[PDB]
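Trainee: Residues per chain, in single letters:
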Amino acid sequence: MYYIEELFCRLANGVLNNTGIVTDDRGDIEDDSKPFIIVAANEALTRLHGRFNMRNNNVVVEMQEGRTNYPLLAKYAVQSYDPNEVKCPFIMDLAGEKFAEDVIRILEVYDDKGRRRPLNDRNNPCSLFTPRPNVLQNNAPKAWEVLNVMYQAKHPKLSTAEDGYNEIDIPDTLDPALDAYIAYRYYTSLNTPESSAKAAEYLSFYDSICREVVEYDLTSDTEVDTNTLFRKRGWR
Amino acid sequence: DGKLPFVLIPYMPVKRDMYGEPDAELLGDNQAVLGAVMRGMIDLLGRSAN
Numbered sequence: 001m002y003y004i005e006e007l008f009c010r011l012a013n014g015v016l017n018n019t020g021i022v023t024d025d026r027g028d029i030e031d032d033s034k035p036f037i038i039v040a041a042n043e044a045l046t047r048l049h050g051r052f053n054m055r056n057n058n059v060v061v062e063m064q065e066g067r068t069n070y071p072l073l074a075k076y077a078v079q080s081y082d083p084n085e086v087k088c089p090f091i092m093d094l095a096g097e098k099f100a101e102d103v104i105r106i107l108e109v110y111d112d113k114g115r116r117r118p119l120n121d122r123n124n125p126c127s128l129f130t131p132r133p134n135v136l137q138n139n140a141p142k143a144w145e146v147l148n149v150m151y152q153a154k155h156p157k158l159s160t161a162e163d164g165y166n167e168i169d170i171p172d173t174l175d176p177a178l179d180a181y182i183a184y185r186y187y188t189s190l191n192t193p194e195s196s197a198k199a200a201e202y203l204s205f206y207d208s209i210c211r212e213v214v215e216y217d218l219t220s221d222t223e224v225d226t227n228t229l230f231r232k233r234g235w236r
Numbered sequence: 358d359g360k361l362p363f364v365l366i367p368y369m370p371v372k373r374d375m376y377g378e379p380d381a382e383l384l385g386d387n388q389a390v391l392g393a394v395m396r397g398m399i400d401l402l403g404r405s406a407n
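Line by line, the protein sequences are chains A and B. Letter by letter, the first sequence follows residues 1 to 236 in full-length UniProt numbering. Letter by letter, the second sequence follows residues 358 to 407 in full-length UniProt numbering.
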């Protein structure tokens, strides 16, 4: 949990110390190349959140009649939406952080009644469908039906612009992987055989760190639970 | 006779008690276990492609 400013200082005093992208005092990155790091940083965070189920977030969707597809976009949220474009938003984030549009994979869906709605079950008449990964489809919107969606969420997009997101929230054991991936993109972009060999090493180091985390299970990625099928099957 | 006209006949008598125990008392668990095995065999064959 540190701001984006420390990332530049850490990279300047870290893997990218030798290159000329840093200031004279090796304290910060040049403003002319800051967005270059941001693009790499956003790419690196997406990869980590895909391999590991670090973040789990849930959203609240209110069904509206006449609409069967409910994209999970930022412009349809109750916050940060245009009242002139969309008359009634259906994504509620009245409390806490705003909806950051960080949907990767839908895990489970629960309605307001407290039951579980089957997902992508073609043979189930009352099952929901996902024609697109970030789009939720309901084939029978009711009057007061409200759905809660639990999904694997990536880190919100970082931006150096004003009123943007400038905070990084990843486990500290994955910090070397972040630096290795960013350095890999920088060196491989020089189109230099000397730099290309160095770039390959950083990519292998990034993969080595990730497999080390899986080997020791530092993220608690695995999950087990008490067996419930024993009573369901009537073994007794 | 001068007493009640009812006759009690227990199947398996209980020590100092009127009502006896039927055979269903001892086979409660066995029937449930047997039923689970039979359903498992059918599910394996039924759900399998053929």
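Just so you know, the hints here were simulated from the structure itself, not pulled from any lab data. Accuracy of the hints is not assured; some may be wrong.
[What the hints assert, rightly or not] Some chain A residues well away from chain B (every beta-carbon gap over 10 Å; in silico): (1) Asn17; (2) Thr23; (3) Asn53; (4) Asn57; (5) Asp93; (6) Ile106; (7) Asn166; (8) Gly234; (9) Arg236.
[Stated by the list, open to error] Simulated restraints, written as ranges between beta carbons of each label pair: (10) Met395/B <-> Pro118/A: 26 to 34 Å; (11) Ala74/A <-> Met395/B: 50 to 58 Å; (12) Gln79/A <-> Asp386/B: 55 to 63 Å.
Where a beta carbon is used, it is the ideal one built from N, C-alpha and C, also for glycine.
Trainee: Indicate, hint by hint, whether the structure satisfies it.
Mentor: Now the hints, each set against the structure:
Chain B leaves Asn17/A outside its interface by the beta-carbon criterion, the shortest separation being 61 Å against a cut-off of 10 Å. At roughly 66 Å, the least C-beta separation between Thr23/A and chain B is larger than 10 Å, which holds for a residue marked as non-interface. Distance check on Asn53/A: its Cβ is at least 30 Å (rounded) from any Cβ of chain B, clearing the 10 Å threshold; non-interface status holds. With 10 Å as the threshold on Cβ separation, the claim that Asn57/A sits away from chain B holds: the shortest Cβ distance comes to roughly 36 Å.
The claim that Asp93/A is not at the interface with chain B holds, since no C-beta of that chain comes within 10 Å of its own (minimum 43 Å). Non-interface call for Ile106/A relative to chain B: holds, since the shortest CB-CB distance, roughly 26 Å, exceeds 10 Å. No beta-carbon of chain B is positioned within 10 Å of the beta-carbon of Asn166/A; the least distance is around 53 Å. In this structure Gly234/A is not separated from chain B by more than 10 Å, as the shortest Cβ-Cβ distance comes to only about 6 Å.
Chain B draws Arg236/A into its interface by the beta-carbon criterion, the shortest separation being 4 Å against a cut-off of 10 Å. The hinted window of 26 to 34 Å between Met395/B and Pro118/A holds, with their beta carbons roughly 28 Å apart. In this structure the supplied range 50 to 58 Å holds for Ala74/A paired with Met395/B, their Cβ-Cβ distance being about 55 Å. Between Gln79/A and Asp386/B the CB atoms are about 58 Å apart, so this pair conforms to the stated range of 55 to 63 Å.
Checked against the numbered hints given earlier, the structure breaks hints 8, 9 and satisfies all the rest.
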